[PDB]
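What follows is a short report on a single structure.
Note that one protein chain is taken out, while the other chains of the complex remain in position.
Per-chain residue numbering starts at 1, and chain names A, B and C are given in the order in which the chains are listed.
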Amino acid sequence: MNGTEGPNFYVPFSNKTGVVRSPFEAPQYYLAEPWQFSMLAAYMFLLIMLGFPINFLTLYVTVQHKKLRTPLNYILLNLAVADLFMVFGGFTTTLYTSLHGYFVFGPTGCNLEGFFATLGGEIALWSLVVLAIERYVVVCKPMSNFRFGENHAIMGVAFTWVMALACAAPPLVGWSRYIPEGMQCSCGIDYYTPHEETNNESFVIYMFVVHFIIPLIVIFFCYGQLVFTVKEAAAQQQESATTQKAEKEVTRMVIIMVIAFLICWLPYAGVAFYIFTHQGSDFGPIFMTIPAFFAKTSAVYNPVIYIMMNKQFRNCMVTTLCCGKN
Amino acid sequence: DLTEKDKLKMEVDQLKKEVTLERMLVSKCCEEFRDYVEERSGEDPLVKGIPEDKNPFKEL
Amino acid sequence: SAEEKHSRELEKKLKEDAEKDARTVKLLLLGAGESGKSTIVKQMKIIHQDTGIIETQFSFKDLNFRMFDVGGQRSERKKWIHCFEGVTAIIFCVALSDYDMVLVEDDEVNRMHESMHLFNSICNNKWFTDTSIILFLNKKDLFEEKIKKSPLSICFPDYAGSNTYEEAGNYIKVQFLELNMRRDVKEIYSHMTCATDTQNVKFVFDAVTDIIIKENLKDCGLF
Partner (left out) sequence: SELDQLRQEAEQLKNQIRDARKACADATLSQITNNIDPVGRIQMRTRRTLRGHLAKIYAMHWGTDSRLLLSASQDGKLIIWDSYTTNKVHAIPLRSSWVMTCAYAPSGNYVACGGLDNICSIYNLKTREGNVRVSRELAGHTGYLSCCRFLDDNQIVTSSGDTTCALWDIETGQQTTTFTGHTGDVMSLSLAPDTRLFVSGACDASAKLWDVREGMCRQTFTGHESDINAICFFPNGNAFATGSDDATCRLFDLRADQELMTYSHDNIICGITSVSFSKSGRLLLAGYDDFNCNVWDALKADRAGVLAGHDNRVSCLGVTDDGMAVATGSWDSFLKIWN
């Protein structure tokens, strides 16, 4: 049988022996041993201490001079600023509840943490999509005499903001419910529970049809046209060695980018399709936090593949990190 | 004909014109430059400041 | 507020003309002597459709060009060439029949050492270092007159060691591309042509589309 439910919470264990009390009050050590809890706390503290200075430093580097803020690095600055929501709201709270007791905030606190911890992930995802579509439009030249400007980039940043907000807020009232699920540390979304009063089936089918299949198809389309265009361009000018360096550079970076996006937002879609494909399935409580781990690691290795390994940022930000050497 | 054996004749005619010009009194001309600049430098609008009144560059 | 509304209308007109101006590829031509300027300017403008600086303008295959000339206002070189930085493709010109040019205005100056002394004064000049060079070389039918002896060791030391066209023309192109610094990332896209040829504008279009795909990726930071 699936897990047991209270008024406004779900838990992935059975009520066979009658031991699981409310997940807001008196402590729990009967769904997981305490060394698991403290190891989770240590992992999130490590993630805080590494993930704050990368975003703080790229904000300082883009506020120092304006040789760098261009009509195109707006989207990537938005990716730099969305991640500090996930490191500032959605991580210290998990550290707090993992350390002392468990989740002593309250249901309004969960309904706040869920919003501030899904907004960052959603802005990250749609900003990766917008970045891919900007790159394909400005390099492969699909349109008859369309150059690039400033109004279009501010349009794109407003686009990713309105999509992430209007499709991560209707969970707050109506269409879904915020639940603390897993090891009762962070509130996620209610994709697991079968609660039929809150129309939950519509939310899972809507999220899978808008937030994972069309972003994946548009990333594949854009980067495929990009690698085909650069390959066919360097096919012509044979003996020019610099574009023979360029071909290998772009066909390594596209592969590493697509694999980074897929292993940062696959396992959520994995457990959702597995839950929907077998109505009625039992799971361990440690099993439904590995998608949270595989998602929140994109608070560190998502900027390091778009900022540091990117050109034009690194050689300036290192020499205004300590201004000593490379 | 073009410039070569003509520019030198023009230059030595210029230099023969130049030798007849008298000049001295470098200390006197430096004093005169001194008292000309210090005669008016007190009422200069750039050396002292702006009392927010007539300079037509208020911050608006 | 009539003055302010007038300035707003003028500002809209100015920015409209600026975004109209931005979609062109400003090329810069140069080259000393009688080095095929007449042929390369005839073979550019009107053949496809069947004392200051001379601005000839042409367009072909959905990309509108514009090129200038520096051939009529000779002066001190190092003072106005900075006003051309930021153009994309510095078209050079050199004449392949330069072996027989005994003089131009002096008593003894070969034309080959002159154009080499001009070409070194650009690739190291610190105003032109991130702009590629589309070299040319023409009058090849007169260079096909090397069947009669006219040995290549007159304007060189004994290097080519051959007489036919297939080995000599390979030696001159290496002699230019070795004088290149290769300081930063730029590369020189040579060619070969004559007078009665055609469709070499296809070559300069296929070249200039490779300082756009190769260049835009630097701005995105991908390459």
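Miscellaneous remarks
As a working rule, a residue touches a chain if its C-beta (ideal position, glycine included) is under 8 Å from a C-beta of that chain, and two chains touch if they have at least 3 such contacts.
Contact residues of chain B toward the unshown chain are 5, 7-12, 14-19, 21, 23-27, 29-34, 36-38, 40-41, 44-47, 50, 55-59.
Of the residues in chain C, those that touch the hidden partner chain are 3-4, 6-7, 10-11, 13-14, 18, 21, 51-53, 55, 73, 75-76, 79-80, 83.
Please note the rule applied: only the chains that are shown with their structure count from here on.
Computed centre separation for the pair chain A/chain C is 50 angstrom, with centres defined by C-alpha atoms.
Distance between chain centres (mean CA atoms), chain B to chain C: 46 Å.
Per the touch definition, chain A reaches chain C in the complex via residues 70, 72, 135, 138-139, 144-145, 147, 149, 229-230, 233, 236-237, 240-243, 246, 249-250, 253, 310-313. Residues 19, 22-23, 62, 185-187, 189, 206-207, 209-210, 213-214, 216-223 of chain C touch chain A in their complex.
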